[PDB]
Amino acid sequence: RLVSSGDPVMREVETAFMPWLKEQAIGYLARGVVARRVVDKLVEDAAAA
Amino acid sequence: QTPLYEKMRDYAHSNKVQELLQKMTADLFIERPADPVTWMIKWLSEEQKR
Amino acid sequence: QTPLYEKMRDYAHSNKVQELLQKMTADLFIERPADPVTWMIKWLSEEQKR
Amino acid sequence: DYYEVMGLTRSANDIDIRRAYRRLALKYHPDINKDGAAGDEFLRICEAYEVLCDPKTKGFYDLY
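Protein chains in written order, with the numbering used here: chain A, 1 to 49; chain B, 1 to 50; chain C, 1 to 50; chain D, 1 to 64.
Calculated directly from the structure, the hints in this document are not laboratory data. C-beta atoms are modelled at their ideal positions from N, C-alpha and C, and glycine is treated no differently. Do not take every clue at face value.
Said to hold, decoys possible - Under the rule of at most 27 Å between Cα atoms (straight-line distance), these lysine-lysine pairs were calculated in the DSS-like manner:
| hint | chain 1 | residue 1 | chain 2 | residue 2 |
| --- | --- | --- | --- | --- |
| 1 | C | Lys-42 | B | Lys-16 |
| 2 | C | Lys-7 | D | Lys-27 |
| 3 | C | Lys-23 | B | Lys-42 |
| 4 | B | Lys-23 | C | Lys-42 |
| 5 | B | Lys-42 | C | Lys-7 |
| 6 | B | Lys-23 | C | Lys-49 |
| 7 | C | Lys-23 | B | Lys-16 |
| 8 | C | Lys-49 | B | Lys-42 |
| 9 | B | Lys-49 | C | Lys-42 |
| 10 | B | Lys-7 | C | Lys-49 |
| 11 | C | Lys-16 | B | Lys-23 |
| 12 | C | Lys-23 | B | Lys-23 |
| 13 | B | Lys-49 | B | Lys-23 |
As the list claims (entries may be wrong) - Short, incomplete list of chain A residues facing chain B, as computed with Cβ under 10 Å:
| hint | residue |
| --- | --- |
| 14 | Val-3 |
| 15 | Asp-7 |
| 16 | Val-9 |
| 17 | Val-33 |
| 18 | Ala-35 |
Stated by the list, open to error - Restraint ranges, calculated between C-beta atoms of paired labels, are given here:
| hint | chain 1 | residue 1 | chain 2 | residue 2 | range |
| --- | --- | --- | --- | --- | --- |
| 19 | D | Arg-18 | C | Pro-33 | 49 to 57 Å |
| 20 | D | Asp-16 | A | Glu-12 | 50 to 58 Å |
| 21 | B | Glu-19 | D | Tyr-64 | 21 to 29 Å |
| 22 | C | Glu-6 | D | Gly-59 | 23 to 31 Å |
Isolated chain A, as found in the complex:
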């Protein structure tokens, strides 16, 4: 009965590791946003030129 209710040690550590993946994804998205802003500034300067 006690093992029927409760844990696989692997999934619990894998779920603990997931926050790190989410943070890395957020950082990459921020990098992409910075790139888009740089491209917009480049377009404005191109029109001025």
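Based on the hints, put chains B, C and D in the right spot on chain A.
Using the frame of chain A, we list chains B, C and D on its own:
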């Protein structure tokens, strides 16, 4: 067979708890109280005094 | 012989004692105390209310 | 258990089971043994010999 299950089996099969359980259940099936909750309390209280 | 065993089998395979003992053992394995006897005293004390 | 009721041990032979059931079921049969604590005893004797006189059931019981 995770380390918890193995640790529980080691504790469950240890000497202290298993002999204590065997003793208690033998005494309880001797006396046969119609309210084992209290008989266990008195029996454990008298055992702990030693 | 059959009579001595039957008198104990009928007692021990009745619901009150059996599902008291099973829950007590389950909580004992979960808690893992150093000295089981006083822990069972406590558990029975705060289970007597229920 | 199915063994202790016959009095035998876990390593009993086939002739051992024959003899044990012979004496225990000629001592506790209702027509011979008039009365006493011989109600459950005869039934468990019959059940134990029925379980232990057939190798497939005997082995399946022995493992579990």
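Now for the hints, and whether the structure bears them out:
no., hint, in the structure
1, C:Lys-42 to B:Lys-16, "holds (18 Å)"
2, C:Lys-7 to D:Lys-27, "holds (22 Å)"
3, C:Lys-23 to B:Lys-42, "holds (19 Å)"
4, B:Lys-23 to C:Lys-42, "holds (19 Å)"
5, B:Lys-42 to C:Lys-7, "holds (23 Å)"
6, B:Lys-23 to C:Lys-49, "holds (25 Å)"
7, C:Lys-23 to B:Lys-16, "holds (19 Å)"
8, C:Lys-49 to B:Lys-42, "holds (16 Å)"
9, B:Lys-49 to C:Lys-42, "holds (15 Å)"
10, B:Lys-7 to C:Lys-49, "violated (32 Å)"
11, C:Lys-16 to B:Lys-23, "holds (19 Å)"
12, C:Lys-23 to B:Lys-23, "holds (18 Å)"
13, B:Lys-49 to B:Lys-23, "holds (16 Å)"
14, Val-3, "holds (6 Å)"
15, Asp-7, "holds (7 Å)"
16, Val-9, "holds (5 Å)"
17, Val-33, "violated (43 Å)"
18, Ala-35, "violated (46 Å)"
19, D:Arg-18 to C:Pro-33: 49 to 57 Å, "holds (52 Å)"
20, D:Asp-16 to A:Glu-12: 50 to 58 Å, "holds (54 Å)"
21, B:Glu-19 to D:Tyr-64: 21 to 29 Å, "holds (26 Å)"
22, C:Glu-6 to D:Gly-59: 23 to 31 Å, "holds (28 Å)"
In this structure, the earlier hints numbered 10, 17, 18 are contradicted, and the remaining ones agree with it.
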